[PDB]
Structure formats: C-alpha cells, structure tokens
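Chain by chain, the residues run as shown.
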Amino acid sequence: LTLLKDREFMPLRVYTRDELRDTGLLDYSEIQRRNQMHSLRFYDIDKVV
Amino acid sequence: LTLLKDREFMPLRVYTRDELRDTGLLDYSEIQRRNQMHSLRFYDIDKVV
Amino acid sequence: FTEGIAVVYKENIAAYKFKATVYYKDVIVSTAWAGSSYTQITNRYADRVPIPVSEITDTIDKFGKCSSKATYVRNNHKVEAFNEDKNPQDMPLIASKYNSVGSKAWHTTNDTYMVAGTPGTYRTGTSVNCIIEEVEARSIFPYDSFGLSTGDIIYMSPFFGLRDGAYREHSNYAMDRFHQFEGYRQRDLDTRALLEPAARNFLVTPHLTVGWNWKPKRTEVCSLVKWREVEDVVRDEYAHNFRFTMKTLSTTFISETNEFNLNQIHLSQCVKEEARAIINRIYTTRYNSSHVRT
Amino acid sequence: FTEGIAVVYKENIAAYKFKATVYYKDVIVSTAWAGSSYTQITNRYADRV
Amino acid sequence: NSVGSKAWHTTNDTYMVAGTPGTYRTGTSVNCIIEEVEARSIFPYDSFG
Amino acid sequence: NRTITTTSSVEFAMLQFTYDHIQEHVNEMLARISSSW
Amino acid sequence: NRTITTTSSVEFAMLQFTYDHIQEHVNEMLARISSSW
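Chains as they are written, first to last, in the authors' numbering: chain A, 687 to 735; chain B, 687 to 735; chain C, 148 to 441; chain D, 148 to 196; chain E, 246 to 294; chain F, 503 to 539; chain G, 503 to 539.
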C-alpha cells in the first residue's frame with residue numbers, strides 16, 4: 687500500500703483584475719485625468735495681464 | 687479504522703463586487719447622477735417670468 | 148505543528164475616500180434679442196469661477212454670507228461680474244431643497260437674470276450664484292491627485308501641506324493657489340455655529356476652490372487591509388515551507404520558512420499594531436488560561 | 148496515456164492598443180465688455196479645429 | 246512632457262481686449278496643438294477611441 | 503520598495519486544505535491496514 | 503424587507519460535493535474493511 691504524496695496548488699487566474707478592466711473602449715477616469723489639465727498643459731494660467 | 691468527519695465549506699470571497707467596483711478614481715454614473723440635477727438643485731425651473 | 152492565532156491581510160485595492168467642500172460661483176451671461184412678437188436667447192455663456200479664500204474665511208465662515216460680485220481671472224485678465232448688473236451685496240447662504248444626508252449644498256440665488264429690451268435690440272443680462280457643496284473626494288495610489296463628486300480632478304495630493312514634510316508631496320499648481328489654516332474653525336451653515344479647530348487646506352482652482360481638512364499620509368492610507376482574523380490556526384513545517392491550516396475557514400496557506408519584512412512594502416505601518424491589538428483581544432478572550440504565548 | 152508538450156490558449160478580451168497623433172488648433176473667441184471700473188467677459192467660444 | 250504622453254504647442258497666451266468703457270471688444274486666440282495619444286480599438290475593430 | 507498583489511480567489515487554498523485533509527486521513531488508514539496485515 | 507446577496511463563485515459548493523463524495527465512499531469502504539477484519 688503506497689501513500690498519497692504532498693501536492694501544492696498554485697493560485698491560477700485566467701484573467702487578472704487589470705485584464706478585466708481593459709476590455710472597454712474608453713476609461714472615464716483616464717480621459718478625465720488626461721483632459722482636465724489641458725489648460726495647465728497648453729496655457730500659462732498664473733501670469734496676469 | 688476511523689471515518690472521515692463531515693465538513694462544511696464557507697463561501698469565502700477575498701473581494702466583493704462592491705470592492706471590485708471601488709478601485710477607480712471616478713464613476714461616470716455617479717458623477718452624472720449628481721451633476722445632471724444642478725439646475726434642479728440650485729434653480730427654480732418651474733416659475734415663469 | 149504549532150498552534151497560535153493569525154490575522155490574514157490582503158492588498159487594499161480601494162480608493163482613499165475623504166470629504167471636502169467646493170466653493171464656486173455660477174456666472175451666467177444671457178443675451179436675448181427682443182423681436183416683434185417673441186424673445187430669442189441668442190447666447191448663454193455659463194461659467195464656474197472660484198470664491199477666493201479671503202472671501203471664504205472672512206465672510207462665509209464669519210457671517211454665513213457670500214458677496215454678490217464675482218471677481219476672478221480669465222484669459223489672464225482680472226474679470227468681474229455682478230448679479231443682475233446691480234450694486235454688490237452680501238446675500239445669505241440658503242440650503243438647497245434637496246439637502247438630504249451627506250450631499251448638502253447652500254446657494255444664494257434661485258433665479259437667473261435676463262432682459263429682453265425694446266423690439267429690435269440685443270440685451271445682455273448676468274447672474275451670479277454662490278454655491279457651496281459638500282463633496283466626497285477620492286484618491287488612488289500613489290495619491291498625487293484626487294477627484295471630486297462634481298467630476299473635477301485636483302492635480303494635488305490630498306496630503307500636501309506646509310508642515311511635517313508634507314510640502315514634498317506632489318502638486319501641479321503654483322504655491323500661490325494653496326493656503327493652509329492651522330486651527331481653522333469651519334462654520335456649519337445650518338446650525339450657524341463654528342466647528343472644532345482643525346488644519347484646513349484651500350486650493351483655488353481656475354473654476355472652483357477646494358477645501359479639505361488636512362491629515363497626514365501615514366495615518367490615512369495603507370497598502371494592506373485585514374481580510375480575516377483566525378482564532379485557531381496550525382503552523383506545520385513541511386519540507387522547505389510553512390503551512391497554515393485554518394479548520395474553521397477550511398483554508399490552508401503556504402508560506403516560506405523565512406519571515407516577511409513589512410518594510411519592503413509601501414504604507415505598511417498599520418499591520419503591526421492592528422494585528423497586535425486583534426491578537427491580544429483574541430488571546431485574552433479565548434486562550435487566556437489554556438495556552439501561553441511563545 | 149500519451150506524454151507531450153502543450154500550450155494553452157485563452158480568448159483575448161483586451162482592446163487592441165496602438166499609438167496615434169492628433170493635430171488640432173484651439174480657436175478661442177473672447178468678448179469683453181469694458182465698464183466703468185471693471186472688465187467683464189460676456190462670451191468665450193472655444194472650439195477645436 | 247513626461248514619457249509617452251507628449252504635446253507640442255505654439256502659444257502659452259490667450260488673447261483678449263477690453264476697449265474704451267462702454268463698448269464690447271472681441272479677441273481671438275489660435276493654438277496649434279500636436280499630441281501623441283494612445284489609440285484603442287475593440288472587436289470587431291471598426292472604430293477606435 | 504514594492505507592493506503586494508493579491509489574487510481574487512482563495513479557491514486554491516480551500517483545495518489545498520481539502521487535499522491535505524483527505525491525504526492525511528487516507529495515509530493514516532493505509533498505514534494502519536499495513537501494520538495490521 | 504431585505505435583499506439577498508449572492509457570491510460570485512460556486513467553487514465552494516463543488517468543493518462540498520467532491521468532499522462529500524470522497525468522504526462517503528471512503529467511509530463505506532473503511533466500514534467494510536473493518537467488518538471483514
């Protein structure tokens with residue numbers, strides 16, 4: 687009679703949380719983070735005339 | 687020879703659906719629900735002059 | 148084997164959530180064309196402008212009133228605006244009709260001003276509406292920006308300040324837009340009474356002024372969150388690995404024989420003392436007389 | 148039985164990501180009303196072309 | 246202009262004029278903006294954001 | 503400095519517990535059968 | 503009045519089925535070994 691040997695199970699995921707949050711065409715927070723600093727990027731909002 | 691005893695397995699989740707929908711900076715539906723009643727909140731749209 | 152108590156910690160994936168207030172004025176400019184038998188709005192230019200922190204801390208948090216004159220900066224020029232194109236006043240801040248729990252807002256004007264004129268001419272009006280809203284702010288790692296319930300991204304860390312090395316956080320703004328008031332006593336616009344003193348940051352964004360009570364980064368954000376406290380665990384010593392068997396959860400975790408130094412992980416100051424408190428409570432309530440610590 | 152080598156393939160749920168460039172001009176038209184002791188912007192029509 | 250998201254523009258200023266007290270004056274800006282963006286398309290790949 | 507990334511399933515750990523339990527019990531019973539034989 | 507919240511995994515219930523099956527079968531076989539012995 688032979689004994690069962692030890693096994694170790696690995697945490698296998700088919701898709702990660704990032705992959706599951708990468709299936710849409712646009713991300714609202716990404717667009718808003720990039721576009722709400724348009725005036726900071728392309729203008730000088732601290733100089734007064 | 688001893689018998690195997692009964693076990694009961696519990697539905698363990700590491701993260702819930704709410705926790706998984708709480709990882710972003712902004713929620714489009716939340717912003718839209720809060721901001722599309724600005725005119726209802728801060729103005730009287732039913733009185734005519 | 149080795150019996151003991153364990154606290155399991157998972158990574159914190161949620162955003163850091165706090166509360167702030169936004170102070171801004173709604174500046175609407177309506178242009179009507181009075182015609183033969185009708186009036187036609189030919190333009191309506193709405194704009195949100197900030198309330199400067201001098202005005203806030205000297206009129207709103209002093210008397211609960213907001214000036215009827217907006218003074219701001221557009222196109223690098225110091226612009227103004229007057230409600231109804233009249234002499235400026237100080238109007239009281241009145242709660243919205245929808246002031247349910249949490250999301251509250253106090254404004255001064257329910258009306259929007261416009262004029263038509265004699266048939267054949269254009270006439271221009273102007274509204275100004277002081278609006279103070281309590282919003283829910285929200286920041287995610289590495290906490291160098293926060294978004295508001297209004298939809299606005301604030302390109303400054305929620306922990307930017309002037310003391311405690313906080314001035315070394317991230318900020319996409321000039322240091323002239325940022326104000327900190329140590330010991331500031333906010334005013335509750337409902338009970339008309341000052342709140343308790345607390346350091347308060349103010350930032351004048353081109354379209355609004357954000358104000359939030361300052362709190363240090365070390366005590367508010369944390370990379371790890373408690374998943375499960377386990378009262379009875381068993382640590383085994385398999386070949387090259389530890390094993391943590393938890394018979395109440397029906398879960399077996401497999402570590403290495405080495406300890407993990409939580410100093411390699413960002414923002415891990417919570418775990419040590421939180422787990423110490425939890426483990427001490429569990430021990431004192433369950434294993435006070437049966438076992439002893441090791 | 149049959150020994151061998153295998154490669155497991157899952158469905159691709161991610162979006163196809165590339166890089167592009169956008170070329171546009173920001174055309175702002177500001178109308179001010181010079182008053183007695185102040186200037187008031189009465190219109191500002193921004194447009195991307 | 247950090248890594249990846251870069252943008253080249255021509256004007257940091259926005260033009261407006263006030264005039265003599267009692268009149269309307271109209272200005273105009275034009276800002277050439279070239280941005281490197283990240284495009285993104287999902288099946289069946291007949292559009293991209 | 504780094505961050506810890508946690509999977510979204512502890513099904514593998516329940517599998518580990520169940521296999522460990524069945525394996526230990528069956529091994530004890532097999533050992534007993536062998537000694538008695 | 504309330505609402506029912508359902509988990510996003512029935513892996514625990516498949517684990518329960520598998521353990522129940524293995525446990526019942528192994529217990530029947532152990533009982534038989536004991537009676538014959």
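These are calculated hints, taken from the structure and not from any lab test. For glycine and all other residues, C-beta sits at the position ideal for the given N, C-alpha and C. Please note: incorrect hints may appear among the correct ones.
To be verified - One-sided excerpt, in silico: chain F residues whose CB lies under 10 Å from chain A:
(1) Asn503
(2) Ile506
(3) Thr507
(4) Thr509
(5) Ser511
(6) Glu513
(7) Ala515
(8) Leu517
(9) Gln518
(10) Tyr521
(11) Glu526
(12) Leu532
(13) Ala533
(14) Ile535
(15) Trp539
Output the numbers, in ascending order, of every earlier hint that fails for this structure.
1, 2
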